[PDB]
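*Asks:* Here's the letter readout for the chains.
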Amino acid sequence: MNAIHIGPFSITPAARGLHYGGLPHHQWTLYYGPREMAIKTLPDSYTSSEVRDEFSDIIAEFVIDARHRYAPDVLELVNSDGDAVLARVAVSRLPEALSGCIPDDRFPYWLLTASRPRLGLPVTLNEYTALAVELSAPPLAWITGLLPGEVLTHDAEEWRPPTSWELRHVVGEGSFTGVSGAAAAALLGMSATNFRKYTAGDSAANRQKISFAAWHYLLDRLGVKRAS
Amino acid sequence: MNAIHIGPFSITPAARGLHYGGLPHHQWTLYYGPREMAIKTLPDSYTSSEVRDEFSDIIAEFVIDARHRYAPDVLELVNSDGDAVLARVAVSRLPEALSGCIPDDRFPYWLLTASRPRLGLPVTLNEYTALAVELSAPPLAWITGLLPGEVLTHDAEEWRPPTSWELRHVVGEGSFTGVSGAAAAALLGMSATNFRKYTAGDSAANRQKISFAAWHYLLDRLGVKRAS
Amino acid sequence: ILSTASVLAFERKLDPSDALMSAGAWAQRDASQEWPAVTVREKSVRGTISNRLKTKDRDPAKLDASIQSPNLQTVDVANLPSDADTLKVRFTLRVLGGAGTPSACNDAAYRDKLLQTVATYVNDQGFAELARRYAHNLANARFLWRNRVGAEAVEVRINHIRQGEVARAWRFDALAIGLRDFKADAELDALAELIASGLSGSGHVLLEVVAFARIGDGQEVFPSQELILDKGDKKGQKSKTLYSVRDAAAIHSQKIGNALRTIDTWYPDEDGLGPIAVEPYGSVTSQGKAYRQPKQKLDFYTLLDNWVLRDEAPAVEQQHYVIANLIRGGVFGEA
Amino acid sequence: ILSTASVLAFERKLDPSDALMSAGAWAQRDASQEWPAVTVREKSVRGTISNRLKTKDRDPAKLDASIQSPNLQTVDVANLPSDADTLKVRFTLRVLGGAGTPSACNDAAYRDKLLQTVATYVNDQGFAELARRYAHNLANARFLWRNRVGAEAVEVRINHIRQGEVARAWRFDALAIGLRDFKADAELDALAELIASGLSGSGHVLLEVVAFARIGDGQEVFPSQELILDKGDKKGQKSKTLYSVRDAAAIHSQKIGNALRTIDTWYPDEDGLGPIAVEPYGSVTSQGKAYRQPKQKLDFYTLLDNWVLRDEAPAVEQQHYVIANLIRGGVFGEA
Amino acid sequence: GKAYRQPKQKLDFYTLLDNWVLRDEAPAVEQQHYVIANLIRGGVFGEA
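Residue numbers (the authors' numbering), protein chains in the order written: chain J, 1 to 228; chain K, 1 to 228; chain g, 24 to 358; chain f, 24 to 358; chain e, 311 to 358.
No lab work stands behind these hints, which were simulated from the structure alone. Do not rely on the hints blindly, as some may be mistaken.
DEER-style ranges, computed between Cβ atoms [said to hold, decoys possible]:
1) K/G22 <-> g/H275: 33 to 43 Å
2) g/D334 <-> K/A60: 52 to 62 Å
3) J/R69 <-> f/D334: 49 to 59 Å
Quick list of in silico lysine-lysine cross-link-like pairs, DSS-like style, CA-CA up to 27 Å [as the list claims (entries may be wrong)]:
4) e/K312 <-> f/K77
5) f/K318 <-> e/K312
6) f/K136 <-> g/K258
7) K/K209 <-> g/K278
8) e/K320 <-> f/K66
9) g/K66 <-> g/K79
10) f/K77 <-> g/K79
11) g/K312 <-> g/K261
12) g/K77 <-> g/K318
13) g/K77 <-> f/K79
14) g/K66 <-> g/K312
15) f/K258 <-> f/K79
16) f/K257 <-> g/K261
17) f/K257 <-> g/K254
18) g/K278 <-> g/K79
19) f/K85 <-> f/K318
20) g/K258 <-> f/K66
21) g/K254 <-> f/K254
22) f/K79 <-> f/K318
23) f/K320 <-> f/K66
24) f/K320 <-> f/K136
25) g/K66 <-> f/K263
26) f/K320 <-> g/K261
27) f/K66 <-> f/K258
28) f/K318 <-> g/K258
29) g/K257 <-> g/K77
30) f/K318 <-> g/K261
31) g/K66 <-> g/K278
32) f/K312 <-> g/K77
33) K/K209 <-> J/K209
34) e/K318 <-> f/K66
35) f/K320 <-> g/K79
36) g/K257 <-> f/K261
37) f/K85 <-> g/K258
38) g/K79 <-> g/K258
39) g/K66 <-> f/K258
We treat Cβ as the ideally placed atom computed from N, Cα and C, and that holds for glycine.
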């Protein structure tokens, strides 16, 4: 039939139809952009929901692998013993004052990384509050690992507007944020048709590139990047 | 001579002229918005710079007053006894769960309000970091006292675009945030002239209104609102 | 060519005094010369926040913190005693002639043309409609701004003082004479003729105007309110101070003049709202809008420029508005 | 698009006078027109430590040193004489009307829409539930704030003072008519139609309200408390100052008005407390919390903006709350 | 000039009231008599 678009995922069938068993069949292909992940032979009597549910397990497995592959680093606030983890904060980036650190009794509270050669600093609760305010990761930060670096940079000259694929990562249908086009248009303050112009690609007519401030505020509102 | 635009302030001289003693003078008036402030007669010989620095005192006074007028609230992380304050965080908006509270020996950590009527909540350290992450005040949040509630709402239907004065609080010249027009243009990802159409008012030509997403991302980059 | 004069300062006519208030009882208004004055006392107010929030303060805990630390102010309050129901408001009005003559000018040609224009105005239709409306605004106690919105019965006594004694006394029921319609009455016409003779320069008119209002026993009366310096703490803020002269609560004279000037019923907008003050660009500060906008050709300055410079005489109502602006005075002219 | 007006100041209806306190005896209340006033006297208080210590004053030696330095103060006190057990409170209430019309409104069209909304309210249901609840707050002595929590018997007499004379008399029992239930009574209904005619604009309503409380012989009566400048020495500290008008203890007028305002039962919280004062965001000072939060969409501003701007008329209880806030008045709109 | 029921001995009003209400540690019957008598006498209990 036609392709099923689940966020950045495209389930497109082969135009040729086979007759496995006695019933007609089609070879359905699941792509994440240019990379295919599962080619499966499914009947022509299958509805779109059944074709979606056939690939839903591989879709959820790829989502879990993307969450566990681009998870933000974790800073642990510990006491002077350095064993009882008093607090845990997921940070988008580590403090620049971090060096190879083991806690002592010289300072009551210490901040460490969750990595095995732990990097940390002697911190107070006010300074740890300031560092957690400045550097904390947003909840859906792992989608920034599924986006190119040139659409997340904060400088104007080294920034490219995202395509329809990278927009469909976070905005509509089965996007990884989980929001729809109407909700993401409500967060940006634009109309439904104006944002549908942004989401839909194809020809250049009725298709514009999103601006720097709108894309960055959308990633701020969606909890993907720059959202402390 | 003519009005000097310093911050949101306009130093408007009087059209009529006098000659106090043997020297010419002019009634210079400091306007914050449609409201006058301190008015002093400046001799005509005075330079524009002299005029500005002369009124600089009133200018600085107002800025200080505003900062104090809109200083954000501060929650204290205290121990079970409650007398000793381990941490202080400048909140943007008070949490929605605190009530009349005083630290109890039962809980090691308690969040309380800086005021006498100490309303708070018993939280652990990770919940303290979570609350500090989602409700921290940005460093220049006091300017949100000078802006009305319509231009600071996150809902687009209740959102009103800023005027020339409200935008002119925090864009260029001797602003409250201290940034320039080119710096505010580079923060928003576009060139200086397109931001100069946003800054300059008067006639409808070169008076494009800034969008909701661009205004909120600009407030994010200047550390005035939503910058946690 | 008759260019516009630079300075056009006009002296105010119908000069009122600071209207002192005192307290007393109804049917003792004849012996009201010995009434004790209304004193401005101080009382403490504690309040919660009732204004609109800025959507940053729509946080529930911010609201509860504002309630738990309520605002404390001291307010100057003016009240009658518990045995006094009638408020007595007394002032004096000086109606002067020479309305068209400016106090200052920068052109003898402009002064001569303005004097000639006012002269031909008075020859075709003198200060008859304007003095009728001023006598109406004297008859109804519009100088009792918030001392009439709940008043049970208002009486206005206007005495013409000639050589230190009364020449003619007019008594008016200020509630029957409404704040909307400019009707005609014989006593109102006599007061109109007196104010006409005062404005024409044919006599000296001094009036003692005394208003008795049934505010109620012990009720709050409303004088004029002064500046607030805000030089202290936020607890003893002194958020409101009222106007008194020597331990006697009073209304500002410009408020009485504004109430007398509320005669304008010829603005380009609908006049069913009610009369407004004659003032350039026809403003009322409560409604926040300016009737007789400068873009329309019905404000005072454009009508004056059409009437004087190029001799386009406006309609008779608009020329009454222009002459009423000349009567009320002001710093006219550009800079 | 019919946005809200930026300036939406409203004058208050139901204006109460200052509530004068006097002293007397029970069964002499039919002739209580000569009763001596309660005088704010002074008494000295010596105190030891009775507050929570912040973990550093809890040492025995430091606590005993704080005990050996007692905090001596002088407090303004209001007590009845030893032969007087009844406290009389007298105030006048003036019902104005025109609660729909704002004192200030920037937007004409918004003013017309709000007037049409109040007019369609009154055409649906007039000022009848609100006037009944205000009359209930008149009947019970809720204006006797702490002079009713231990009173044996309270009685309220309300007179309709039309032309300086009693047009209609009402006598009530303030303990039978509780502070929780808005029931129905014939005299209460007659007072409700009188307040209804006052609030609609049918007539002028002035009510003289007299209250008698069986506190006890020589007991402490509680007037409104003033604000302390805190400038003198710590010995004569003057920690508490009561409110008096002329050597005579009294309650503040806005306290009486808040107690009459205590009719709001339709807040989304339960009926365990009872009626609260009709405030924007339903604030209660004693509980330190706000019923009718903006988050739960039952504050005055959200209900009024739904009712006026987008024609989303709320339930009739919320309509009563909105019109009761309009009667209460305030500086609504964005500053 | 000497305080019995010192907060060191945990027999004052505030510790007993907090243990009674928050931790539900009901004290001796005479001590809850004392606590309710303190509530009868009134106060500005709470933060000061």
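*Asks:* Output the numbers, in ascending order, of every earlier hint that fails for this structure.
*Replies:* 5, 6, 7, 8, 9, 10, 11, 12, 13, 14, 18, 19, 22, 23, 26, 28, 30, 34 and 37
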